[PDB]
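A single protein chain has been omitted from the complex, and every remaining protein chain is retained in its original position.
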Amino acid sequence: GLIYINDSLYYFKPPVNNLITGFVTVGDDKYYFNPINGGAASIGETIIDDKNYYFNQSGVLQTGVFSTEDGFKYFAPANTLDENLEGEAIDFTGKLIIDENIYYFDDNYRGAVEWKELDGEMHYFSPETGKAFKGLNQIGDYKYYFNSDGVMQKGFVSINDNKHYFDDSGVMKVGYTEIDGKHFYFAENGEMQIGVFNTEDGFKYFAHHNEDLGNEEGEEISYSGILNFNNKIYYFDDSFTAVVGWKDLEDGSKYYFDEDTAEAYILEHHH
Amino acid sequence: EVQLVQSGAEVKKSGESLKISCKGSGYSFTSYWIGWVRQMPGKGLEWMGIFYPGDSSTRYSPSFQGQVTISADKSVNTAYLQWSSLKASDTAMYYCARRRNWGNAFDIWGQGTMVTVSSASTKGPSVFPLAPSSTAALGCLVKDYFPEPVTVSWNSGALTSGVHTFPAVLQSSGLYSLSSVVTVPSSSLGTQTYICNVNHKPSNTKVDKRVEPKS
Amino acid sequence: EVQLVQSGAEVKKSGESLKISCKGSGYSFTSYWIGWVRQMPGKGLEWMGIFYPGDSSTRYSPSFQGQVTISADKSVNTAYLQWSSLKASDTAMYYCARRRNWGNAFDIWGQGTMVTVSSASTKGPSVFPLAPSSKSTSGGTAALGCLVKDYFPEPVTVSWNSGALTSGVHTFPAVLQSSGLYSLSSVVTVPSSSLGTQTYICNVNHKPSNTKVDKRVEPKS
Amino acid sequence: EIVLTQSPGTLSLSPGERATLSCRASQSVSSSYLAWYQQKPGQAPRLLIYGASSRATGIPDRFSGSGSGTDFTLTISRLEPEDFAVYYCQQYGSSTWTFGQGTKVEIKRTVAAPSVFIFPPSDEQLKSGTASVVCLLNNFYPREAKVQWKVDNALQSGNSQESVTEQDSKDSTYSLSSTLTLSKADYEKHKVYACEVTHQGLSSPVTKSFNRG
Partner (left out) sequence: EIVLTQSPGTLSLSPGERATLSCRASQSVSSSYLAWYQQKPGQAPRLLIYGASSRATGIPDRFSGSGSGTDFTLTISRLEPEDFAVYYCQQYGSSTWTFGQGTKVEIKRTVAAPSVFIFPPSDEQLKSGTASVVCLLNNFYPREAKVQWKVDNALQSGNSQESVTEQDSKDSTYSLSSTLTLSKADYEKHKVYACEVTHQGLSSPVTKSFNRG
């Protein structure tokens, strides 16, 4: 059977000093004892009768997508394309799914990386593995959401019971955003917020849907007057922005609205 | 007190990269937007961009979009303005100011950072006299120096009255030139000695030229 | 950021042995092949070999097959290039570059490691003046400089104290002599009127032999 | 977009006088977004008025802000010495912060004529291949002055540079230096070098000249 001579693996049969060489199957897993290298089990990508095969660190022939000197090769199961043998690198092109993992094989019969447009959809294949990205992912300075199928998403997406927004380019949109004439506010992680936040224009109110008014969830509402929200007090002027410092209203009331947060810290009732 | 303190004056070679800072103190750094304003030599104010540190949102002037990038604190309450490959056309004063949280005026300003950008190299000034003829006027011609500034004085200190040191003019050569002049009584010519003391720290040039009437 | 940081400059005598490193940071080291490129002085790029951190597979250029060996991380997160007996013909710049996983272009490069190999020993420089000509067109400009002769190894640094003189200075690239020692000249064009008025001193610094020479360049009498 | 046009460019008034500075917007604008800044010479801009009428922290009562729609005004009830500076108005904006071009508040004083002086290139300078001819206009007022260079009665163009001092601390005047730069070659080629000053304090254009002797 299979014996280890000096960190390298070999195969011998009953006669004595009968080194075997060539393809052998030791149970489930198949090996190749290189007749060039004294019958030593081949590790990594190796050429046998002009065909390419891949063996793990233990010398057993493997199937699937693997990094090569050429790029990502597909060492296909038997009869996958033009009656190929088990683990033979095939001249494959197109989409390829192997147990959830999705790959796209470019015209050179090798796995593609980064942005690839497939049909009318955008996909992002890992530069590390060649596998399509799924879910929320940072790609460069921006964040994108991809399907369970690796299709890049545009519009509002519910991720972990929070709303995110991906523009016409799939980018995640953070801060005070204009979405087709309506304004919304996203946290720096992308999560759409309700409350008053610091916008380029100043402090603005992004309100919950009200049955009257007819505002969308988290849509900027052109508020004016005092706002009592989340145990906080704000006053908005005709700018539909919250005021800071001292403010006295004809109703008697004298307020001090925190310079940093625009929230009421002091309220003296007068006449 | 609330204050924004900026990095020192920068003298760079064209094509180089520069990152200029603005440290905020006395207030909650993440509660205020902080902006960058450019003021070219002898010109007005140009808004470049703003940054909200609490959100990391940035917004630029379409005229500065791409040409520069704004960023902030590594904990350190500091805003940054940076260029990847400077131009001579970027030679300007740069101010950072923090924005009020109603209604977008910049309430606190930084001292400014002078950013001088030239293909030129540190050359010291040449001093030539501006001799009197027949009160009279005399002076010194501080020609072909780089970078700014030069300092002129007359009789060590002594002569201050009627002295006119002119703002430097940048020549097409890439070097700066200026004159320092003084009006004196005509009776003093021959009696009194007039020496101008020109000092240029960048090239470490200290000249004292004697201005006397030509014969 | 994604970056490959290489070991410092090496000065080794001929026949000696050397192992040069390349540390990868900002990315998954085991997911990318990493290669070695040689750039002979004043010549272009030559590919030596590539290595796969997460397979340990290596492939060499037939011209470098045997002469060198590539290996990696010895735990975390460094690649290696090594020679068993260096030659003077191995004096070059060595770059390690990360390979893209489509279609073999080298997307991230190291700063480089200068490998200087000669039988020579650390000698300091002889700093001689390049005195202004008595013939130099008066009113106009004259040229003066320094002759930083016979030194080893590279580099030397020239200034005109305390820096001060930068305008019109030309420090020339060193030329290796047949002697095995390097030599260069630092020159500066100044106004002819300055000769006698102004003092010109060149400050030559050679850290390898710890030589600091401050030679005064005055017109010969 | 929003364009802030300030008038006048220079307001010449004497200390103690009332100053009224204008800011006109290209379109109707919110009073919330209107601010006024002051910039003293060689100093950073500082906020004076925010929200069109509100006075910034530590800003003297002489500074008052008013207006609505498109026309805005900064008022200085009594001009102090410190009050002579540049004033910029500001708007917003659709994010976009716009500034006005400024209004310089200059010190009004009586007309004063320049004392004119011409200087030929020094012998030291002529040894090197360049000649610099200098025309000095000492302590004049107002700033409006025309300096023409004439080389053997031919008017020079694109070979001079003028430099003006800031208004003098003592006598509120300006000084100007116009420098003619020529190569030693072109300088030896001609005899009569003259500059012709045209100021409103002078009875007729004053010419100060020289010949190479």
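Order of writing sets the labels: A, B, C and D. Residues in every chain begin at 1.
Keep this in mind: contacts are C-beta pairs under 8 Å (C-beta built on N, C-alpha and C of every residue); 3 or more make two chains touch, one makes a residue touch a chain.
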item	value
Of C:147, C:156 or C:202, the one touching the omitted chain in the full complex	C:147
Of B:96, B:120, B:138 or B:152, the residue in touch with the unshown chain	B:120
Contact partner of the left-out chain, one of C:83, C:102, C:152 or C:200	C:102
Listed residues C:14, C:71 or C:189, member touching the removed chain	C:189
Touch criterion as defined above, residue of C:9, C:18 or C:130 at the omitted chain	C:130
Touching residues (missing chain, whole complex) on subunit C	35, 37, 44-47, 50, 59, 61-62, 95, 97, 100, 102-107, 109-112, 126, 128-131, 133, 141, 143, 145, 147, 149, 170, 172-175, 177, 183-185, 187, 189, 220
On subunit B, residues whose C-beta touches the chain left out of the figure	13-15, 85, 119-121, 174
Touching residues on subunit A - with respect to the absent chain	69-70, 106-108, 110, 140
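Criterion: only the chains that are shown with their structure count from here on.
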item	value
Which of A-B and B-D has more C-beta pairs touching across its chains	B-D
Whole-Å gap separating subunit B and subunit D, where each centre is the average of the chain's CA atoms	18
Centroid distance [mean C-alpha coordinates] between subunit C and subunit B, Å	37
Gap in Å, rounded to a whole number, between the CA centres of subunit C and subunit A	43
Multi-chain contact sites of subunit B, meaning residues that touch two or more partners	50, 59, 100, 102-104
Residues of subunit D whose C-beta touches two or more other chains	30, 32-33, 92, 95, 124, 128
